[PDB]
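Engineer: One-letter residues, chain by chain:
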Amino acid sequence: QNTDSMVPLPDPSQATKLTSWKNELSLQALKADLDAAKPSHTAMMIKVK
Amino acid sequence: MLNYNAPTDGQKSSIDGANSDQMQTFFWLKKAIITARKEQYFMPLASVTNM
Amino acid sequence: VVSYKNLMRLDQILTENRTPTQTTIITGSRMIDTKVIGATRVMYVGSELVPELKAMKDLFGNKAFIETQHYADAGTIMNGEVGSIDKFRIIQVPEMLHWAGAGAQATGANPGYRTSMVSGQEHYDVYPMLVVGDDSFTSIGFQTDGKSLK
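The listed protein sequences correspond, in order, to chains A, B and C.
Residue 3 is where the first sequence starts when you use the deposited numbering, and the numbers rise one by one after that.
Residue 1 is where the second sequence starts when you use the deposited numbering, and the numbers rise one by one after that.
Residue 202 is where the third sequence starts when you use the deposited numbering, and the numbers rise one by one after that.
No lab work stands behind these hints: they were computed from the structure.
Accuracy of the hints is not assured; some may be wrong.
To be verified - Capping the alpha-carbon separation at 30 Å, the derived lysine-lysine pairs in DSBU-like fashion look like this:
{"hint": "1", "chain 1": "B", "residue 1": "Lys31", "chain 2": "A", "residue 2": "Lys24"}
{"hint": "2", "chain 1": "B", "residue 1": "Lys12", "chain 2": "B", "residue 2": "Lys38"}
{"hint": "3", "chain 1": "B", "residue 1": "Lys38", "chain 2": "A", "residue 2": "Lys24"}
{"hint": "4", "chain 1": "A", "residue 1": "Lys19", "chain 2": "C", "residue 2": "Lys351"}
{"hint": "5", "chain 1": "C", "residue 1": "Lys236", "chain 2": "A", "residue 2": "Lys19"}
{"hint": "6", "chain 1": "A", "residue 1": "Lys51", "chain 2": "C", "residue 2": "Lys351"}
{"hint": "7", "chain 1": "C", "residue 1": "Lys255", "chain 2": "B", "residue 2": "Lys38"}
{"hint": "8", "chain 1": "A", "residue 1": "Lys51", "chain 2": "C", "residue 2": "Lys236"}
{"hint": "9", "chain 1": "A", "residue 1": "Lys40", "chain 2": "B", "residue 2": "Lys12"}
{"hint": "10", "chain 1": "A", "residue 1": "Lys49", "chain 2": "A", "residue 2": "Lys24"}
{"hint": "11", "chain 1": "C", "residue 1": "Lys351", "chain 2": "A", "residue 2": "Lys49"}
{"hint": "12", "chain 1": "A", "residue 1": "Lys33", "chain 2": "C", "residue 2": "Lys264"}
{"hint": "13", "chain 1": "B", "residue 1": "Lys38", "chain 2": "A", "residue 2": "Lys19"}
{"hint": "14", "chain 1": "A", "residue 1": "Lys40", "chain 2": "C", "residue 2": "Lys348"}
{"hint": "15", "chain 1": "C", "residue 1": "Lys236", "chain 2": "B", "residue 2": "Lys38"}
{"hint": "16", "chain 1": "C", "residue 1": "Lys348", "chain 2": "A", "residue 2": "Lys49"}
{"hint": "17", "chain 1": "C", "residue 1": "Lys348", "chain 2": "A", "residue 2": "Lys33"}
{"hint": "18", "chain 1": "A", "residue 1": "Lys33", "chain 2": "B", "residue 2": "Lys30"}
{"hint": "19", "chain 1": "C", "residue 1": "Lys351", "chain 2": "B", "residue 2": "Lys38"}
{"hint": "20", "chain 1": "C", "residue 1": "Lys351", "chain 2": "A", "residue 2": "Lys40"}
{"hint": "21", "chain 1": "C", "residue 1": "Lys236", "chain 2": "C", "residue 2": "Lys255"}
Generate the whole structure from the sequences, applying the supplied hints.
Structural biologist: What follows is the structure in structure tokens.
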């Protein structure tokens, strides 16, 4: 059983590049946006419940 | 001979008189030096369940 | 001081307790001076312990700390990784805490390990090396009556 749910973050900025864009988003930026947006959504779902 | 001398460290300029001093004696960058948030590792691991 | 057999015992204990693995093995690359890595767990250590981990020797008297520079190719380097030992990949958390003055008293025969003052008496310092397995804990956030949590 291989589960990766506590792995210490994805690769850093210097790793592999999928696209040819000059500036690439990388996974850290996306997960940071998700963790920034989650507190409001968590407060909202209470009313639905 | 009008000499600049050294306005700081107690020596007035020649042009100045009994009651005066250079108004500007230094230059200010106005770009402060600041640190950054120390990185955190354990916080992203945990999920959150509301109460 | 931590030893190789302690790491093997910890692996055996975690295997017996059915703790799921977190990574996959690394087959070698084609570049010269590149060695394979078999390691399936992540362990978080402080900054001060790393030299001792580097000085370790395995059962047959060889090196036991393969640094990230060897297997950076054909692998996925995580944040703060410094190398791999046995089955544990090492993560160097900058903010790793430690109990201060929690060991037995320190006399003048101290080989060189760190100590601290406790009521006018020397005591050694105890440092942690932690492994967080899958689905071990969750955080609780009280509603706060309308605030955007946090």
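Engineer: Hint by hint, note whether the structure agrees.
Structural biologist: Going through the hints against the structure:
| no. | hint | verdict |
| --- | --- | --- |
| 1 | B:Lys31 with A:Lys24 | 29 Å, holds |
| 2 | B:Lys12 with B:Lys38 | 48 Å, violated |
| 3 | B:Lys38 with A:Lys24 | 28 Å, holds |
| 4 | A:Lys19 with C:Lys351 | 34 Å, violated |
| 5 | C:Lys236 with A:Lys19 | 24 Å, holds |
| 6 | A:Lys51 with C:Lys351 | 20 Å, holds |
| 7 | C:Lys255 with B:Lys38 | 26 Å, holds |
| 8 | A:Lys51 with C:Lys236 | 53 Å, violated |
| 9 | A:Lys40 with B:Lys12 | 64 Å, violated |
| 10 | A:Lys49 with A:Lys24 | 43 Å, violated |
| 11 | C:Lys351 with A:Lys49 | 18 Å, holds |
| 12 | A:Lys33 with C:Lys264 | 37 Å, violated |
| 13 | B:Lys38 with A:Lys19 | 27 Å, holds |
| 14 | A:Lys40 with C:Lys348 | 13 Å, holds |
| 15 | C:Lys236 with B:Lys38 | 33 Å, violated |
| 16 | C:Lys348 with A:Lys49 | 13 Å, holds |
| 17 | C:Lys348 with A:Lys33 | 23 Å, holds |
| 18 | A:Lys33 with B:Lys30 | 35 Å, violated |
| 19 | C:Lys351 with B:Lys38 | 19 Å, holds |
| 20 | C:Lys351 with A:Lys40 | 10 Å, holds |
| 21 | C:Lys236 with C:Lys255 | 17 Å, holds |
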